[PDB]
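Below, in structure tokens: the form solved without the ligand, a single chain.
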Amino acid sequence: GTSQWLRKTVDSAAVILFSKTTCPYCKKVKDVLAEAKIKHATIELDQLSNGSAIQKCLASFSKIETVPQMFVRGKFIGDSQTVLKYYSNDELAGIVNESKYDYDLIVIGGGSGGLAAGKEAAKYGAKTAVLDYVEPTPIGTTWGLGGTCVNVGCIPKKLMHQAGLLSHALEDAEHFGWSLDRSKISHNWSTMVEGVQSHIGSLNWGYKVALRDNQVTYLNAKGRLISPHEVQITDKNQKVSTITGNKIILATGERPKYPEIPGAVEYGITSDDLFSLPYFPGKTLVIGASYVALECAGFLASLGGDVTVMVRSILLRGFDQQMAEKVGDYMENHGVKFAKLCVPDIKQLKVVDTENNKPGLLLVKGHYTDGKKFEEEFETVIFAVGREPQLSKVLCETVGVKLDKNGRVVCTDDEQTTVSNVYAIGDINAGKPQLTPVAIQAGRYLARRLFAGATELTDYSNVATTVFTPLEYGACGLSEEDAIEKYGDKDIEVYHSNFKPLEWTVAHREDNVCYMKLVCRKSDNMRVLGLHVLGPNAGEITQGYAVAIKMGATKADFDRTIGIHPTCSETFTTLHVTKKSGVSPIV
């Protein structure tokens, strides 16, 4: 396998040096390259147990067995004498810049995965271009470099969640002795939006600066792959041209869906529009039941809004349903109205006021499963009914990249498509968790395999999540129902408990609402298959346990670890009530 690995590494690396840490000839080559500003990968054979065999395999390309050996785009360039010869004759820059293609890497899509991949590739001498374009929403909203998370996703959504959490901080502060009157304080939507957007703008700019400082070419242009190595680009002035690249990474993400009902596209909005909305939403209907639907409904209500969520069947399909029910129950007790077993069939009553920055007014008609009609007025209607790629705008069908029935790219476990120089990362990679840290790990690990000879793959199993609803829900591993489906009910033990944060005591909040559980496999030493927690700071609670689950933690490992007091997370270290026992989990 050593020989297979070396051949793949030489063929794909842009500029790579084989070396040993103790060789002065290697040092002199490194210094020459560093003086001429030639970036490159380095593999130190004396730090690999397999290095003596690698040194022998090198001779298949170079006909020598010594170090240093330097390669450019699949071709042996020289040993120490040869490299210094090129340098002395001002020949080196020309050799290390010679390519069949304009770029070693073209990334189509400048989001979480695509930016991480392009920056990492450039570190190893890959001449890289990042393409990004933001197709405007139906009402015309657009934004800058950085993708869905930075502009219309994790970042603004958690900042608005923080604004909602502070409403309860203001309430709590009275009980802890502070002299404010919460009932006389109001929230200004546009003041919050301006602060959120000023931070997003600093991220847009920071990404352009980072690309420039890594020598990456940034093009604000729509990309379309028309053959394995050719990308057609259309710029802001509609000028069309073609660039070529050796490796291609598709990283174009998804966009929100609309239901096919009259008025939906013309009068409703999505999460794409919400985070820069110039007017306050007012009385709002959220249609949908995804984590996006519930997170948005949740902070709108905490800011003081009149909020309804219209649910076709269940909440958070695909998540543990006991946990999802507890999430929704908390929201209903804290102001959110729910129209259950209900679907929509939208009429405009008032146009948005772009002068006084005030919302319009809409009539929503729908129906319930019991036959009753739904008819109610709202100032804003938000659709959160899923997301999808539109790869037909990115990818000519004749190139030969295989898609699945949902239109996502079918990849091997190293992100390779059915076209061997083309790779896909992030939300468009079929079957993978659709999360920002996953896309970043995929893109960075892929760049190292392509251009630095790395072997490490991304591990997509047991990736932890957090839903940032008013009471947050964190999880890692299997839901209880999926564990029982896989192993049978007799092989599953579930430990659980309610708890109360210490911070809730003086504030007079609820006793037996926060909740956690460990779903375990009896016949495998009580292995922890899934961990679930409903409570404040659930993302901070969950993260560290994801390392232990990755390592195969059992119930005994949780028991022998001592808790930190006073914390919410410490309740995981002393769990003892099983579901099979029927004993109540309440405190």
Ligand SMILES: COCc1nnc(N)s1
Second form
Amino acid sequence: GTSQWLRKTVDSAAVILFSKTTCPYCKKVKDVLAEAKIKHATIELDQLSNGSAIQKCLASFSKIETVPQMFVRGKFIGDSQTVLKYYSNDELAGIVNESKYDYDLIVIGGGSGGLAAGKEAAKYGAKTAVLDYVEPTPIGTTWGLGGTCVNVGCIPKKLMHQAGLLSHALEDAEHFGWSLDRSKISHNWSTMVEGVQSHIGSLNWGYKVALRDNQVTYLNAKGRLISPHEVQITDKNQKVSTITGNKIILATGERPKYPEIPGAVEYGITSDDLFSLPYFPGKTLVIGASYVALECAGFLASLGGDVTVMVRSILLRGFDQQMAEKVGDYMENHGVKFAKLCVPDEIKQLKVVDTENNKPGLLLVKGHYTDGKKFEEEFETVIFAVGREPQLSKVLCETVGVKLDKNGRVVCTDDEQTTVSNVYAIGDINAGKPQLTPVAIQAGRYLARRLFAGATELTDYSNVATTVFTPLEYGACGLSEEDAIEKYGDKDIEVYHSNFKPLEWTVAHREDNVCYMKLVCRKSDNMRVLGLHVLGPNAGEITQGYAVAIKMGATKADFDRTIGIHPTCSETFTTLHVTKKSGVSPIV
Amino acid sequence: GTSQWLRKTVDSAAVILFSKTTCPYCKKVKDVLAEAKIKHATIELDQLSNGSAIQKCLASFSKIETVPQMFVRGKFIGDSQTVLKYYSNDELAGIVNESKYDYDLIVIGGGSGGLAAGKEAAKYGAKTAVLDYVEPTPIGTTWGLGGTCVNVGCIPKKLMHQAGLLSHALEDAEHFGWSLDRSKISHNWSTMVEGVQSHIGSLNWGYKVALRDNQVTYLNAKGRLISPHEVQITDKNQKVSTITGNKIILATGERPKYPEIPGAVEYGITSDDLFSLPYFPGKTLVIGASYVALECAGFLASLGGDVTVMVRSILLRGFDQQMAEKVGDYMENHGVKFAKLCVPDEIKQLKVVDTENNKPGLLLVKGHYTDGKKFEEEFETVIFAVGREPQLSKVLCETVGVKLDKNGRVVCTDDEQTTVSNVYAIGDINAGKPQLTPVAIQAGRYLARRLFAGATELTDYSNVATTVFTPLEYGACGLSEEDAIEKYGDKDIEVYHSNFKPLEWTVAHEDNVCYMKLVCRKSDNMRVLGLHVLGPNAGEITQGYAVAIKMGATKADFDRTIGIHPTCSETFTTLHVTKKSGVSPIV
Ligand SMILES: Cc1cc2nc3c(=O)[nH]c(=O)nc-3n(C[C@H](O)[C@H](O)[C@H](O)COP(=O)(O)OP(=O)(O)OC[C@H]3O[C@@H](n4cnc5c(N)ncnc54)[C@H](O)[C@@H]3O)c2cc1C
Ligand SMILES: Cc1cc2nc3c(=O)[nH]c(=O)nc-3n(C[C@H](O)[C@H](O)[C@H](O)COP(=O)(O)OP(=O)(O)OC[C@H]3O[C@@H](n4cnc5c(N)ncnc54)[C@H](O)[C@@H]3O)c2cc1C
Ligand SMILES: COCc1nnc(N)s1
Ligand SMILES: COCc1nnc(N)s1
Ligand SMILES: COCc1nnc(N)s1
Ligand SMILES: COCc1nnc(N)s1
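Structure of the form deposited with the ligand bound, please, following the form solved without the ligand?
Complete assembly follows, chain above in first position.
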């Protein structure tokens, strides 16, 4: 029924007004609340299909059936006359601030999702605290508010990716008639790092301002859920206390793993350290083969570093393997070396990091290949990118009763709820969800709208598009080719594909047949597009809009009947015709 | 119903075979035709939903109801025994070349649409000729096969744009840590033009190879339609002759206009001349305000030139006017000067063009502003971008009966047919269609499939997306904002909008110049009627969304899709400020 919607809304909301748009009785209660510096949500009943039934159900609480009606934290406050009887008597602040807990909402985690949920909750009148603390890395690195993307993730990595792209810009400029000689131009690592850290510092500051201007309490404190409604916090001075909240959101993210081998923690670094490193890495070994490892190797080479990637098995496990091979081939051709089917055994120190003179150390790496032969080479810097994990034992006492999966992530329902009914989890620690910043933001915002404004919208987690920012970018939306075959059978999968060449590469004398795209389609379902894949420049900008068409169920015919924009790389999707079954070449 | 399809299909097809995939007798006839190099179309009756009706209806032509049946130019040739008999007896080649006309298809015009139409028809066995001739510009400029885009349009204009974009990329490089100093780097015009002309030459060559390998006859001759089936050709040696064809496609495009003022033809140039000009233009006056005018003024500025645009009234007439003003404001902050509400009266010559030393001349331009005040300035080069027109009197005798609208364009039904039943028109001269290269290509290809392979798919001309390649690009798909209010009323229109800033612009040091909006319809589930974005890589951004708009996308379809981070395009997935709210769109 409607009755248990209405009654979840009233129960959970902080301050909420049931109202209508034509009623000037409601319009005067609003203006009172605005000037009184009171935030609230507002269900306009004349714009809901079944506003009539809701008016009746309000009477179960208030014994009346008209509008406006104001509730605070589950209790009916009054109608239009009673609100002004409280206002002019100056009894209104004591009533709107009445609560069994310190906060309506405590977010443990000040990253992508944490800050996004906190700000949206506060819009609708919820008393909100946001906790953030950055445990330092083994060598001591630390940073400010905003989470992993803002400080040591998407933002600093794409900015260094852009710095790497601009070396090809300097090469190309010669052929388009500019008088520079790229031969005599070199890169300065620490000038880059200063500009990058300057931008991050402005996001740190901007988030503190945003929280302040939304009346959100920010505590730079480590938090721990000790009971369903109690969060124990620790100061920067080591002072412990306890705060209480009605709803809890866990949004604490992950940190990089190290392999269990001698020397790794003591002498290597991870991505957490790379984006503010005060010396150029020098001769670098990257261990691992995820998108983090290949993206960092890619711009290290483009800035002129001597870069090696040690690969256990394959590149980009979980991604379309034909495209992953195309990515790796391009990198191998443009400076990155690979040591294939190889694994490390220990890291030995030969020289200590020189802090005063700003120089890396010197390390000796010992490893072995799957056949048996030995790996032994010296590097100045060794970077581990062997995956990320959460440490929920630090965040969450086991007696609270929040269930975790065998990987240590939180098992949630489809509306982010944990096994404890007032506790939710969003972002990287939610089991089974894609680990991406815009996913966490969308989840956090939609959930706050459900707890405090009566919203029903859920987050849709399927067919979320991605881009890997390797020297040649790789964008994808949907199934990889081998997953669609495995799920529907090779006879039911048709794949259209083609090479291409950006117009911008013609005068520049770049390669003819390295850029590549394909559509993986289901025959028996009107050639429905199951996955889209593209290797080339600006692959993120290319892929993104097609994610809407695929969310709507696009078919091959939908692509055929749409006309291209000329000249672009993206238009090549609108005229594809060569099937893989056919055996015809895809070259240009 | 099905009946009238199969009679239209049999009459216009050149060589066509009706068959079934599972039939070894049809396979036997296919294998004979491959070996004899006899190109043909093929209808596979067992993959069509009314193949049974078609099968019975073939008997009205062939007095049989079995497959495989082969036709040539409206005549039943036989079943598998009759065809093999012809093969074995050496009679099959003469039968399949029997024609009342010289060609199954004559295309007049070897540009974007004509080449696409020509190459596609040949795949189905049509005996095809393609005609192309380039009348020179007033100063003598001419070029090779491929049309306006390939030679004096999209392809050279975007390479030159690209040259201009690299100048800001050299600036940005310093801030991201590269040692270069932008201040001591300069641009060589003739080096660029050589690289551009070299790529165009490779396209000229590749199209000639393409026509050769499809057995299309290429005649570098001017063609004129003198009767429904007769095309008069004139040689590069002025030899005149007449060829005949069953179906005629007109695809002759347009050329730039000149204003009727003294000195304009004698001392100015147009875009036709600019992309192969041997000298740098110098101080340039661009007259006009279309996307050609603004794109060219744009890269000439970025390459270091002193550039002025003379605007009669507004910029980008017919495009969303708020977006056009943003496009022009950005150009004005980055070098381009504007002479607003202004029109030219005459061009006077001060220095002739110096061919020996490779230098432009010198000109005095006189004009007036709308209030009467006078304009008088000196420039080395004057570029007219005051529109384009067909000249179908050069193409089409009046007595053939092909009807034209009041602009001289061809009035066509929604299958590209003219008032004469064997004559079709495609591309720029098709009245009322967006004048774009992918549109011409799609129309020429789809039409050839209907004339010669029994296809029925029409070309969809609605909601075709565009990009204007100004220094900051402007992508668009669907109705402008003012157009949508005119059609549905202000109360039924919601506009969501936001400024944004590329991540690449942060370390490189404007905050709120990039902009995008969605124009929606309240009473139709908030249906997206127009998408607009100003920013970098706007074509790459806009294109994919054109599929979702074609499928009828709403605001909720945009909200429920997750973004790709960090990108510019992802800002479309989280828009929330409305124009009626009065809230500011900056970030
Ligand atoms: C190198 C790298 C590059 C990436 N690039 C991209 C990209 O291009 N695009 C993309 O979409 N995603 C990218 N990601 C993934 C993206 O960063 C994550 O999906 C996202 O940051 C997860 O958000 P979150 O809110 O769940 O966690 P986080 O952003 O990690 O925020 C959690 C915060 O809570 C803090 N915290 C932890 N424990 C406690 C505690 N007990 N008390 C208080 N605070 C605590 C953490 O220190 C942190 O500040 C990248 C990740 C990495 C590592
Ligand atoms: C500066 C500029 C930039 C442009 N940029 C873009 C862009 O970025 N994207 C886009 O989509 N569109 C762009 N266009 C438009 C695009 O060029 C046209 O839409 C396209 O060329 C139309 O093709 P068409 O086949 O109709 O004609 P055309 O390509 O003009 O082909 C006509 C051909 O027929 C020849 N011909 C004429 N008369 C005869 C005759 N009697 N006998 C034989 N041959 C004859 C002509 O000389 C020419 O070779 C641009 C146009 C210009 C001028
Ligand atoms: C539990 O760690 C104590 C803390 N140190 N710095 C903070 N900001 S909180
Ligand atoms: C998830 O696998 C982590 C690793 N990758 N490369 C290694 N050598 S260990
Ligand atoms: C009037 O034009 C005669 C020509 N015909 N084809 C050429 N190449 S010159
Ligand atoms: C034929 O000329 C008409 C014009 N169009 N734009 C101008 N500035 S003058």
